[PDB]
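S.K.: Please build the complete structure, drawing on both the sequences and the hints.
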Amino acid sequence: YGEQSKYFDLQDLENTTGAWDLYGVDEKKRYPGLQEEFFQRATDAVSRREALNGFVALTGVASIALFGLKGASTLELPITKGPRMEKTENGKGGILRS
Amino acid sequence: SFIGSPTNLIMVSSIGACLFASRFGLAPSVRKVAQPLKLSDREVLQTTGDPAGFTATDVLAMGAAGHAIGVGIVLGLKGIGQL
Amino acid sequence: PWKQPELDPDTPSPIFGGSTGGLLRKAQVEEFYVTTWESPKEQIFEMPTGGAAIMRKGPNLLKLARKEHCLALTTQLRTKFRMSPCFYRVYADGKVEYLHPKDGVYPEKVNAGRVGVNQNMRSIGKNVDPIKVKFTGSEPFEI
Amino acid sequence: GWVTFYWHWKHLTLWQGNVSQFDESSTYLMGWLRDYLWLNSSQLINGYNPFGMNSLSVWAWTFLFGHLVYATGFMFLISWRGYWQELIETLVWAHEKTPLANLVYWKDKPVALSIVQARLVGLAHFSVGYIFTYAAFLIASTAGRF
Amino acid sequence: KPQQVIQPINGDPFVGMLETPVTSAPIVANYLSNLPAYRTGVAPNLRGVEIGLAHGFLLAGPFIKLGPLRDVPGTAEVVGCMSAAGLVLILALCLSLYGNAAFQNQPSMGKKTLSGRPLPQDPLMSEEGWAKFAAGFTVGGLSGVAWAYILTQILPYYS
Amino acid sequence: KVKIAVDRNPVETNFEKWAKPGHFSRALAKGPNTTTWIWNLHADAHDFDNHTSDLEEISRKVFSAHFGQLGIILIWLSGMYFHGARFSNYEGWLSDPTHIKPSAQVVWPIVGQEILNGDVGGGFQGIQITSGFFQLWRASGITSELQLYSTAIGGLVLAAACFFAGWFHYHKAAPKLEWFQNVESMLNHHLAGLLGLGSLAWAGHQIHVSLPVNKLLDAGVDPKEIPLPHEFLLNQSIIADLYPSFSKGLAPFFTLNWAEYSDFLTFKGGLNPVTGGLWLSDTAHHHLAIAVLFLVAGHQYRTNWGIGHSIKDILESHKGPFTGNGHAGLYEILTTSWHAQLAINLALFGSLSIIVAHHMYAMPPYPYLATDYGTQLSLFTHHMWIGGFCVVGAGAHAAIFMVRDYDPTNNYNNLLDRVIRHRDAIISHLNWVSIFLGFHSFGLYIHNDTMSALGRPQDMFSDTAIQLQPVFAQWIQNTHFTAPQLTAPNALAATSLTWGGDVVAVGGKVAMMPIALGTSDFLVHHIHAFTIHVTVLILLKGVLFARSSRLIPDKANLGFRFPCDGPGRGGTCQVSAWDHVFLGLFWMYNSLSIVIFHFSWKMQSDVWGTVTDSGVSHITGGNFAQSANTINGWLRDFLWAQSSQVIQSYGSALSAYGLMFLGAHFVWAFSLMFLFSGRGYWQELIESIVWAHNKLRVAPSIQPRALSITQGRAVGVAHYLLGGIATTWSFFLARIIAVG
Ligand code: CLA
Ligand code: CLA
Ligand code: CLA
Ligand SMILES: CC1=C(/C=C/C(C)=C\C=C/C(C)=C/C=C/C=C(C)/C=C/C=C(C)/C=C/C2=C(C)CCCC2(C)C)C(C)(C)CCC1
Ligand SMILES: CC1=C(C/C=C(\C)CCC[C@H](C)CCC[C@H](C)CCCC(C)C)C(=O)c2ccccc2C1=O
Ligand code: SF4
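In the order they appear, the protein sequences are chains H, K, D, B, L and A.
The entry's author numbering runs 35 ahead of the 1-based position in the first sequence.
The entry's author numbering runs 40 ahead of the 1-based position in the second sequence.
The entry's author numbering runs 59 ahead of the 1-based position in the third sequence.
The entry's author numbering runs 588 ahead of the 1-based position in the fourth sequence.
In terms of the entry's author numbering, the fifth sequence is residues 44 to 150, 152 to 203.
The entry's author numbering runs 11 ahead of the 1-based position in the sixth sequence.
For the record, the hints were derived by calculation from the structure and aren't laboratory data.
One should not assume that every hint holds.
The calculated BS3-like cross-link candidates involving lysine-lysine, where the alpha carbons are at most 27 Å apart (straight line), are [as the list claims (entries may be wrong)]:
{"no.": "1", "chain 1": "K", "residue 1": "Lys78", "chain 2": "A", "residue 2": "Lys330"}
{"no.": "2", "chain 1": "H", "residue 1": "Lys41", "chain 2": "D", "residue 2": "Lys161"}
{"no.": "3", "chain 1": "D", "residue 1": "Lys85", "chain 2": "H", "residue 2": "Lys41"}
{"no.": "4", "chain 1": "H", "residue 1": "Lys116", "chain 2": "L", "residue 2": "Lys108"}
{"no.": "5", "chain 1": "D", "residue 1": "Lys126", "chain 2": "L", "residue 2": "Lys155"}
{"no.": "6", "chain 1": "B", "residue 1": "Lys695", "chain 2": "D", "residue 2": "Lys126"}
{"no.": "7", "chain 1": "D", "residue 1": "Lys126", "chain 2": "D", "residue 2": "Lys85"}
{"no.": "8", "chain 1": "A", "residue 1": "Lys12", "chain 2": "A", "residue 2": "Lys187"}
{"no.": "9", "chain 1": "B", "residue 1": "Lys685", "chain 2": "H", "residue 2": "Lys41"}
{"no.": "10", "chain 1": "D", "residue 1": "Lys116", "chain 2": "D", "residue 2": "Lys139"}
{"no.": "11", "chain 1": "B", "residue 1": "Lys685", "chain 2": "L", "residue 2": "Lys155"}
{"no.": "12", "chain 1": "K", "residue 1": "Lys118", "chain 2": "A", "residue 2": "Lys259"}
{"no.": "13", "chain 1": "A", "residue 1": "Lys14", "chain 2": "A", "residue 2": "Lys72"}
{"no.": "14", "chain 1": "B", "residue 1": "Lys695", "chain 2": "L", "residue 2": "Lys155"}
{"no.": "15", "chain 1": "D", "residue 1": "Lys85", "chain 2": "B", "residue 2": "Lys685"}
{"no.": "16", "chain 1": "H", "residue 1": "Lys127", "chain 2": "B", "residue 2": "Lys598"}
{"no.": "17", "chain 1": "L", "residue 1": "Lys108", "chain 2": "H", "residue 2": "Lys105"}
{"no.": "18", "chain 1": "D", "residue 1": "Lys126", "chain 2": "H", "residue 2": "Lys41"}
{"no.": "19", "chain 1": "A", "residue 1": "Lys31", "chain 2": "A", "residue 2": "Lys41"}
{"no.": "20", "chain 1": "D", "residue 1": "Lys154", "chain 2": "D", "residue 2": "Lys85"}
{"no.": "21", "chain 1": "L", "residue 1": "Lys155", "chain 2": "B", "residue 2": "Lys697"}
{"no.": "22", "chain 1": "D", "residue 1": "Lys100", "chain 2": "H", "residue 2": "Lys41"}
{"no.": "23", "chain 1": "B", "residue 1": "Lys695", "chain 2": "D", "residue 2": "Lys154"}
{"no.": "24", "chain 1": "D", "residue 1": "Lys85", "chain 2": "B", "residue 2": "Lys695"}
{"no.": "25", "chain 1": "L", "residue 1": "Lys44", "chain 2": "A", "residue 2": "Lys323"}
M.R.: This is how it looks when you write it as structure tokens:
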């Protein structure tokens, strides 16, 4: 490959099509050794996509149900507070409904 | 431009310096084409009298450049309060 | 042609600069196309996906992501220089296919060596209505 | 739109009691515009004015929403597929050939909307924006006065 | 001596990139190759831990600073953090969906680092590897959100 | 080397080619079999590339085409001068510019048009004009209608001379290709000669003619007893009292004592308080300095006398390593392609027209022009749109050069070839910055609209709420305001009152006042940047992908203006660069419409108004800082708060603006047929109509055909642009006339 002008050889077609990792290294365990098993045990219970999709949905539906029922009115969101006295009548051209 | 004024002296010295600069190499005249360092000594038309290449357009351009440099020097010195 | 030619890995390629228009990840995943020709001298041509490239005296090699690029380059070469090149297809597993004439004397000629395919002996407009071929899976023009 | 413009303006002038205004103003189109699309839209656009905001805020927002969806329909309707395919190809080269995002790759190849699909989505945005902006204007104009 | 800085990659004028000083700079190449997403020998969960930590630490900021309750003192710093945690959970769900979608098949062609020497397979390019990567991403995002929360509680400056 | 190569009598002067309308094209020389022959006739009428492949005949054709356009413009200018001479109130306007509205078009009493002859004052009735010709005729010192008559007759004479010159320089004495290829002589003669000679002549006219007339005009002297400019020209005594430096009599010019000319060649910043325009002495020194700068720049290139610069050497010598071959072949392209030079000249002309509009709205160069709000708004909007059109045409003709005159032989590794090489990177980065600007401008607008609608104005992007203060523009304003203090100590005041601290006013109306920039101006300016980036993306993509693309590799062989390559590859509709320009025209329209809406609203809300003793009151209530942050605020407080005079214009002097408004609505709406629809449905409808005409034997010999797809797109964009332009024109003019 690339001897004087050739860019194709058909036995190293991994080089012919242009598949190149411009930024790729194979250095293993760059972080210190005691640091992995704290996080390796963190992931192993949620490593499966079934365990992770459930956990995201578990924290999803519960916290969404927490909002509004308990999440609102503690932050004083302006949806569960109520009016003082606004907008009983309507109609500037007369009729004055409600 | 009264004879004896500093502006007249500046103008005449600029004109004479420009003719000296164009007489013997040393300026991008009609004889000397200009590279970044102005070489190769070509020849076109004729000098009509004195040697080198002082043609009708050589003294016309150098007089124009010498006059135009003089307005920069005189008005520059006038703006800063000199002569 | 008389014998089906196989492209040579050794053949050179024209000098060219870096062009953004070129081979993509479809070259890696799916198939890609390769064009070959033999040159008499060094001439300047325009690639169908890039700019201008000076080609090599002798054999040459172009890789195009699409067959349309290959035939556009072929038509450009044949029109400009009476060049008559040929292109191929290289699959992901390394399989090589020959699409530019298997008979070798171009689709413009006949050569009395190819069989008529997808040809209807009936006139256009003599085809039956879609109701007559409804719920059958066959189109009126496919009959 | 013509039949509902006629109905809404005639009935609005009947309810307001000035049927002579409709009788002498529906003849010429400038009066049609001035006394229907401009006069009745005064209460519509004052839904969320910076000085004061009232219950017509959803109607002005829906009016502008219908304008925006109408304009997106125009986006699909004027331009056609073939300039969009090249732009999507350039975006494909952008995503496939960049650091920290070439690892994420699509499974369905991004292609431009087909011409029949283009007409369908342009008609869909056109009609959705048309309906929403007219419903917003009609309800706001009729309900602001009565 | 023309100094042709702009040249195609690997001397190949046929593919997409051309080697440019934005790409060919030693500082840029060393910084990108040392980023966690390009550490091929490291496990994808350890990739996701650092990636999620960085992204969950950065994503908390705009939610606290420009949130709807930013003018309320003491409560903006908790609302921004739990909204950032919710955003991290949403991104984790979409990451898991991408891992399901893009790795239902098996890749057959390697990456071919420069001048050869390619490893058998990136564990990130696998199904369970990307699932572990998304797990590391959500754990890192939650820990980064909590860290940005406690950094808004103890502080010598601002928040 | 440079000479005058001219071929004498190449084309006979006869009506032989007038007899047969289709003669320039061999395809149209057969006959009109279909109705598309007529549209191809009027379309390929001036396309000289496919008429012949010889560059010399094309150069002669375009030379006489420019001669004909110059004669047409001179005829138009002579007609305007004649209208100001005969049907105008210029004599009344000279004695009272602040109370008499300008008028130079008089309608006939034929059918109800007498209501259009509005009461403009001065005992005169007519159409209230907006071009600002009266301000120009007050700057260039003009007193009576006799002088305007003389100017009109001279313009007609020069127009006839220009038409005769075109006829001569094509049919009688046509220059050769080497005559047109003398680029150095062209540049020297149109830098020193055209621009420099015109600037020096205008400076001399201002010094000897316009300065005394304008000095006597603003002093309260009636124009009837003002001496004619030939008296000022011949007699030094009359010009000496108005300007004492004329008593020296050209002595300081040659003796280098130019400081003595500080009375009528002044360097003053600001406007004349009596009139509201720039000082004529400042304009005189300006045009004199411009003449100097163009006389010195017009002697740069080398033509015949050895000295000078060779443009090929300058281009080939600037080579830098990230560009490979640096400007290596561009001299060969620009000396052989008319379309490349057309693109460059049209782009620079359009941009310079944009600068012209901005720098007239900034510094009004005419007396009683700032207070005349209609003339200023019309000039800004008109030159705005003309600049946009020239830029779009520059993109179009660049794409045409790309398709036709571009060849890969001369360019291998130059800048043009490398721009072709990395075109995908340019388009992708432009798309990224397009999406980025679009989101954090228009999404900011939508978010402000939502927070207004949700009853939370404190969450908006406004000055009262969290703000995006344009610190860079305000710092530039402060620097320019303090520029005369330190960096330009010889300036009397600031170069414009955009950033000043004082308010000038003529006749009780504000001429020009300081402009404050806030969050809304930030939002609109970044909206403008987004819109211009999109339009330049469309034009640049059309230019770059005109030759080849990943979709259609053989787009070069398909021509420039082709409808499609068929429904293949999912449908390659509008893939040609012509359709890219067709979309860029609409994007231009949106850009310039929003720009002039910003101009009108900002100037009516923060600049224009009537000055009072108790502060300054503007035209509006100063609501730009409160209503320009939201789309609904923009709508209600600009398009609905205004245009109340257009709808009620009926029965008044400006009812024709309402008629023009509704006709523009009609044409804008009529265009969407040619935009949404296609051709096959219309062709089938035409077939049915052809059957109807066949039934009772009125079948035309020419077969009726539907318009072409490119033809239909052209009709749609033309009707759309004409309708939108006339809509904004009618609305702007009616609002600025009934109020300002
Ligand atoms: C006002 C009308 C309108 C609008 C809004 C658009 C919008 C668009 N066109 Mg189009 N265009 C239109 C009419 C319009 N078009 C017409 C009539 C034509 C024919 C001449 C064209 C011709 C044309 C061309 C030739 C090009 C475009 C492009 C674009 C894009 C520009 C995106 C950008 O930078 O802005 C930012 C995005 C927006 C303004 C969209 C609205 C965003 C709002 C604020 C929502 C924000 C996020 C929101 C909360 C998400 C909702 C979530 C929900 C799903 C739950 C965008 C998709 C260009 C393109 O592809 O991009 C480079 C392009 O090249 N258009
Ligand atoms: C100093 C000499 C000079 C001057 C003043 C001009 C002036 C002009 N040229 Mg140019 N030109 C020149 C030398 C000159 N040319 C040379 C040497 C060449 C050969 C290299 C050309 C080749 C050339 C081409 C190929 C074209 C022009 C064109 C134009 C016109 C551009 C229109 C414009 O910008 O609006 C300015 C408009 C006006 C000022 C209107 C007044 C026009 C008056 C009547 C022209 C008078 C100038 C003329 C040189 C006088 C001598 C001519 C004499 C035989 C009567 C402009 C009038 C264009 C054109 O066709 O227009 C004619 C064009 O396409 N020029
Ligand atoms: C410096 C000015 C200039 C010059 C010399 C040219 C010259 C040329 N252009 Mg360019 N062009 C320009 C400006 C210019 N154009 C601008 C500003 C635009 C943007 C709108 C374009 C857009 C453009 C396109 C898109 C195309 C050209 C083409 C052409 C060629 C033939 C044009 C022709 O035959 O028209 C024939 C003349 C007409 C059709 C008459 C114009 C009628 C228009 C459509 C309507 C005008 C209405 C009017 C404004 C108001 C009247 C209202 C009505 C009710 C009466 C020729 C090379 C074409 C070509 O093939 O290039 C080689 C081509 O495809 N140009
Ligand atoms: C040696 C000799 C001689 C002598 C000679 C001489 C001494 C000469 C001189 C000459 C000269 C000495 C010339 C000059 C010229 C100049 C010029 C031509 C310049 C200029 C012009 C003008 C017109 C100007 C302008 C301007 C202005 C107005 C402003 C701005 C600036 C300027 C300055 C540019 C004799 C013959 C006796 C004898 C033999 C030898
Ligand atoms: C309407 C339409 C047509 C049909 C339009 C045609 C055939 C052009 C008709 C031009 C007319 C004949 C010009 C003259 C108009 C009037 C006859 C002028 C009347 C003047 C009075 C004084 C009588 C197309 O061909 C078409 C093609 C492609 C895209 C869109 C469309 C499209 O929308
Ligand atoms: S709809 Fe028209 S423009 Fe589009 S591919 Fe078909 S024929 Fe071409």
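S.K.: Are the Cα positions of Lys85 (chain D) and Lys685 (chain B) separated by 27 Å at most?
M.R.: This hinted pair holds, its Cα atoms lying about 12 Å apart.
S.K.: Regarding the pair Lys126 (chain D) and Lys41 (chain H), is the alpha-carbon distance no greater than 27 Å?
M.R.: holds (21 Å)
S.K.: Within 27 Å, alpha carbon to alpha carbon, are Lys85 (chain D) and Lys41 (chain H)?
M.R.: holds (21 Å)
S.K.: Quickly compare the C-alpha distance for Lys116 (chain H) and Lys108 (chain L) to 27 Å and report which way the hint goes.
M.R.: Holds, at roughly 24 Å.
S.K.: CA of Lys12 (chain A) to CA of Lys187 (chain A), is that 27 Å or under?
M.R.: holds (14 Å)
S.K.: Quickly compare the C-alpha distance for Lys154 (chain D) and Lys85 (chain D) to 27 Å and report which way the hint goes.
M.R.: Holds, at about 15 Å.
S.K.: Taken at face value, is the distance from the CA of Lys323 (chain A) to the CA of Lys44 (chain L) at most 27 Å?
M.R.: holds (22 Å)
S.K.: Is it true that the CA of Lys85 (chain D) sits at most 27 Å from the CA of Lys695 (chain B)?
M.R.: holds (12 Å)
S.K.: Are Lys695 (chain B) and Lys154 (chain D) close enough, with their CA atoms no more than 27 Å apart?
M.R.: holds (24 Å)
S.K.: Would you check the hint for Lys126 (chain D) and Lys155 (chain L), treating anything up to 27 Å between C-alpha atoms as holding?
M.R.: holds (25 Å)
S.K.: Does the alpha-carbon distance linking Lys118 (chain K) and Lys259 (chain A) stay inside the 27 Å limit?
M.R.: Distance of about 20 Å is within 27 Å: holds.
S.K.: Check whether the Cα positions of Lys100 (chain D) and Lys41 (chain H) lie no farther apart than 27 Å.
M.R.: The hint holds at about 18 Å.
Violated hints are absent here; each numbered hint is respected by the structure.
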